[PDB]
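The chain below stands alone and is given as structure tokens, in the form deposited without the named molecule.
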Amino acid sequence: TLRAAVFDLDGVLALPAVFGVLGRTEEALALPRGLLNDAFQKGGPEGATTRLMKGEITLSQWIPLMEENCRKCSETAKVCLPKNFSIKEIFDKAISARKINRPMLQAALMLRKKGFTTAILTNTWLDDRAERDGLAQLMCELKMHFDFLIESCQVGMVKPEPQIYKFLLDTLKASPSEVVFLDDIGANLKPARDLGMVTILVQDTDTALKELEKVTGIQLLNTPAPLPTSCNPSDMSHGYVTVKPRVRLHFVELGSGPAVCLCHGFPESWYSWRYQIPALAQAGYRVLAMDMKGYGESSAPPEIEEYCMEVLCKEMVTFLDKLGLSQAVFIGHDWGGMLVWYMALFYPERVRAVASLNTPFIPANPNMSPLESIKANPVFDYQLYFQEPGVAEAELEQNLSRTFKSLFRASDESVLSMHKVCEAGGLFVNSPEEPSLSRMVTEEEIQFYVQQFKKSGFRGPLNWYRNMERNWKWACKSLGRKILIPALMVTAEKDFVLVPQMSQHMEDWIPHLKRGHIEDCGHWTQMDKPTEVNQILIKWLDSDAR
């Protein structure tokens, strides 16, 4: 029966509520109880506050009107307001104090995931104060999680007037009995109740969630910890930069602050960062999540040498030049990880800080051909399989779904040993035609990769492995250097190819290296353990790159 859920902002999705600051200020300053609330509410439907909430005036215009109300209320109550008493001050403080009430948001999200239409209906104001950016941030963060946001000041109507509830119903395209509405102000619930909406009076959050859960029949309290926000591709800003005549690079871009360029591994996509992109933007960064050369909407030229580390890095520099970015933080995974260590070594002036997931920095061995070095570790045998042009392409392109479904698996699910792949004759020779779906991914997410890979297939991707000799000679030039910019290495316990021990000597080349470590994490770090990756990146960004 219930199809829709409506939440107020103050006192419901965000806490502490501003009205609360009226109460507290009175208490703190020993003013007559309720004096501030009388001033706030003076003139009722035609007083300053209603005009504010309806959009007739802006917040900065209302401030001196509330001031005047406070004077008149205090003269009528035969008291004086203290020296320094400041309405602007009180509200600046109150509005920055108010934070997202996380469990209410997570309930709204769960309800939306089970197919509810969700909305925020709020009495609010046009905010033109010097510090308005703080509220603009909160509203952005909240509203992306909901179907609709209805603000009194944008629509010219306020709770409890009946017309806003009619406007609500019409926006929802639902009848009143299909709607639950939560509010901390009982007067605001009444007209919803009159129409036959389920209403919940929100005092403490848990009891409201308990009622919300009873009435919807959905579990909202004590639920497992949810994944971070992911990205819908068609909701993103897509950027494109031509770095030379045949080569354009595509990226997705979210947030403001220091530029952070995310570089995925093989055979992946910008979308492999879907769980980090909103979190890093939310934490105060400008994220640029690349399709690396060879992939997705980036160009994919056929020639092997187009994909050696030197050419790749030079193009990433050009990509910064054309965007007008003197630096970025570079964060890489797998092949992207190797590339970011090379950026740090050859273009430290362009790199604000460098981090890798899984991929250690290993210096070239000038006394050993890289082919031999690769042949020395049985777990890299899949890289020899990748050498011969055409062979891996045919296997990987033959059935894309099966390809991504076989590759993208958590450590407790794996179907492919990386073991004696040449000898066996292929990566999939002993995996099913139709693999089961990993817990890490949905069917929809697999089909995003399949559709990406239909544009250019695996030639350009595989070519990143086909420049061992060329990369080795370029790397040998850097053998006297050290990496002395801020650097983070993140090892994954159960990546059985890029094993955490393989990073064990990095402090010789990177003496101030920082570390994080993720337990029970396979090769596909960002989607295996997105919460833990997010926390380790944001903590290191805030301390080292900011």
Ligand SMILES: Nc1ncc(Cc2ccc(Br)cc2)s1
Contents of the next structure:
Number of protein chains: 2
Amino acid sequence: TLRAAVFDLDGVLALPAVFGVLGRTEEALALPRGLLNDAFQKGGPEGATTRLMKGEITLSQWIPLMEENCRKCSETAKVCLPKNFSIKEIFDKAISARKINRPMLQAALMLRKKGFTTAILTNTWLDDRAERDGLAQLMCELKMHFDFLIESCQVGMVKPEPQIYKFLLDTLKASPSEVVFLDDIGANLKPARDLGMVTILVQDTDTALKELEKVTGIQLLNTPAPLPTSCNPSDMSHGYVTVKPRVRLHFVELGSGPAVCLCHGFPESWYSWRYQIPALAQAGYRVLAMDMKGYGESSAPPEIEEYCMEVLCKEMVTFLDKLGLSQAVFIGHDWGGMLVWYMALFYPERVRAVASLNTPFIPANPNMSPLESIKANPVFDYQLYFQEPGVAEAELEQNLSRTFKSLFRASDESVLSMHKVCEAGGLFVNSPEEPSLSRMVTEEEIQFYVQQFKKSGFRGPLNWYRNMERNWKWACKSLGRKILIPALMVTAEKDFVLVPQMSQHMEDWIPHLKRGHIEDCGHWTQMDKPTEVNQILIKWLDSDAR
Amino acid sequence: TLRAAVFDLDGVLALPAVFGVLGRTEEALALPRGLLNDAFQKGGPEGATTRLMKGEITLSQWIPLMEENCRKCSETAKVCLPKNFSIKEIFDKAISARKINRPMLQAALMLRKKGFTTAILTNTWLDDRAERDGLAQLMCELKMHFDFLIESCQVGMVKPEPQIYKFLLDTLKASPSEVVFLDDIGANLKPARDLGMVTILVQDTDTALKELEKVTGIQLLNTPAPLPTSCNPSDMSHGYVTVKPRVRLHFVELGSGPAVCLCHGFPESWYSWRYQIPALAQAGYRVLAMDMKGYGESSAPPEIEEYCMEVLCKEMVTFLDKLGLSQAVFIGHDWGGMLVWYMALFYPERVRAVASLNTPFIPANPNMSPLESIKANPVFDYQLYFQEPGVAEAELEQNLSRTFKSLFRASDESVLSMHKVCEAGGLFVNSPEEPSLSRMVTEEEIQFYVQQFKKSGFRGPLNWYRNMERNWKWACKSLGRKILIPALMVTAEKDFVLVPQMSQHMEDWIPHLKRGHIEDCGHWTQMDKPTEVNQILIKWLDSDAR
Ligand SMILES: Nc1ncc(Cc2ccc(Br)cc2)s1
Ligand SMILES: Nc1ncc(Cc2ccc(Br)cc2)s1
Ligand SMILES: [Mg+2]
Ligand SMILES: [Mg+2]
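Could the form solved in complex with the named molecule be given as well, to go with the form deposited without the named molecule?
The complete assembly is shown below, putting the previous chain first.
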């Protein structure tokens, strides 16, 4: 029956309500109870506050009208306002104190996910204060999670006028009885109730959510912890930079603040960072999530040596040159992790800080060919299978959906070992035709990867593994250096290839290294433990890169 | 005969030379003359400094080797180093003091423009200091102006070893006698001279440039002031954001720091900002230069109302939402200028600061239809011609090259008046078939616009003028507001349509308005007076938007 959910902002989606601050301010300054709420509301539908809420004047123009109203309420009440009474000061503090009320937001999210149309309906203002950015961020953060945001100052109408409710029903393309509306103000519910909407008077959050869960029949309270926000590819800003004449790099870009360049591994995509991108942007960074060379919408030339670490690094440098970035933070996973360490080694001046998920930094051994070194570890046998051009391509492109569904699995869901792949003659020889869907990924997400890899397949991606000797020779030039810029190594407990112990000597080469560690996390770290990744990165960025 | 020009960095392209700082430091601290230059150079080809310059160790690893060398030189000289002697401190100060030597850079530029291949050859280091970004910026700024930058620490070789010169001749694909090389160190010229290169020992800049002008036969000294750096479209990062399902916006993106969104007028392009984009990026901003809706690589739907100011503003807001920007600085010219004022009026919270070139802010007259208002000014007659769908399209698309060559002209070069266009029956009725090339633009630049407008022609662009009534109605909602965020108005003296006096009452509506004014500047402000525009914007940004 209920198909729409509408949330007030002040006192419902954002807390403390700013009305509650007029309460406290009165008491703090020992004024008459309600004097500040009277001056606020003076003149009703024709008073300063209604003109503000309808968008007729800006917040800076209203401030001095509210001052006047305070002089007038105080005179008629026979008190005096304190010396240094400041309306600007009180509202600056009140607006900056209000935050997103997390459990209401997650209830709105969850209803959106069970198919509800959702909106925010709020009486708000055109904010032109020096400090307006604070509110602009808050509204951006809430708004990406709703179908609509209706603002009184944008539509020229206010709660509780009956016209804004009709504009609501009309925006939602629904009838009064298919809508629930939560607001902390009884007067605003009054007209929604008249048209026959379910309403919930919002006092404490939990009681409201209990009423909401009862009326919608969907569980909202005590729900398990939700995943971080993901990205819809077609909602993103897509960037293209030609780094040399046959080669363009594609990236997805979100946020402002210090540049953070995310570098995925094999065989992945910018999209492997889908759970990090909104969180890092929201934490105050400019995220640039790459399609690395060979992948997705970046170019994929066929030659093996277009993919040695040297050319790849030089090209990531050019990428920064053309974008006008003197530095970025480099964060990599798997092959990306390898590349960011070498960015730190050869271009420290372009690298603000470096982090790797799973991939340790282990200096080249100048007295052993890197092929022998790879033979010394049975878990790396899949790299030998990758060597011969064509063979792995034929297997991995033969069935894309099967390929990614087999690969992208949590640590208890495995359907292949990395074990004597050469001898068995294939990566998938004894694995299912139609693997079951891992709990980590939806069918839709697999199909995004499948669609990416239809552009260029696995040649360019496998070539990252076909420059052992050339990479070894380059790396040997760096064997006198140390990494002395800020650096983070994150190990994954149940990565059975890139195991945590392989990182154990890293401090010899990176004496100030910081570490995170994630338990119960396989190889696909970002989508296995997104919440934990987000927390470790954001904390390390705020302390080391900011 | 000479086909290549090679510039040293320290003491040639950047000044003061850091070698000169060892001089001063010795005197400042009253040490033995040359003690600091001896410790620096200790051990020759096998000493700490050569390993640094070849890239074997990083700058942070060398610092304490130089300390040791200072202890050793001081002991053998029988002096003591001051308490608080700090190698890090001295080099931090010396590196931050060195700047681009402007006249050498402009000589290199000019030689590049007369067809020379140019490079920087420098002994430099892998800089991993906390403060490394300072140097990274400098190198980025120089490097975009040369064919090559060869760094000793990247190639594993140093001046004056003869191997780096061979690597030079080889990178330049030229023979020893087709090359001039300037360096402040005689020893480095010595081997270039042996292979038969022209060399110039660089002491004071002017004497060197005189020698360079003599040997190349190109005038370099006392040249007229050069234009600011322009943009090559295929060297830029190109951004795409879908703001609703039929509509994507394209932009070109350069720089980091606060977001600055540039909004061109009719009938133009992101490229109309080509002279502002590198300067604003270099000044510390993140520039986003739009193709506005209707143009270039942005979508151009056919319907007139897709182009009213309201829809356009809402869509620029969505553009910020998807990019993750809570604010940007909005800078507009002509129609763009109009749009940014309305951004300031209706979305102050998303606008960090607003500037307009030429377009004044003049509030809608609620008692006069805007068509009558347009009839009241004979210089706006071209807007009436624009009204009827098809008529202006047919004229302006008929010959693109003629169209832009006729339009894009300096104030003394006019070939059309905006005067009784309707009566004459065309904008170009009495103008040349093949206009001469204005001094403002090259043939190549016109052809860029021509190629842009082949994608969608003039429908979407003209539609910006076909919403007079709808724009008027929207604007009337704002007639109680003021613009109280930081705002700049720049007038152009010889814009005969958007004349400076039309801006004269702006302070009534924008009481804190700042102003620039550009003399001898027609309608095409950015390309008419780029140097002056850059200076007025950058100064206003640094004081009001930063
Ligand atoms: N646990 C793991 N560590 C590393 C892995 C890399 C890998 C990815 C794809 C193919 Br096909 C084979 C191996 S999987
Ligand atoms: N001096 C000027 N002010 C405004 C101008 C706008 C304009 C641009 C293109 C065509 Br076609 C006609 C007029 S030209
Ligand atoms: Mg409320
Ligand atoms: Mg020098």
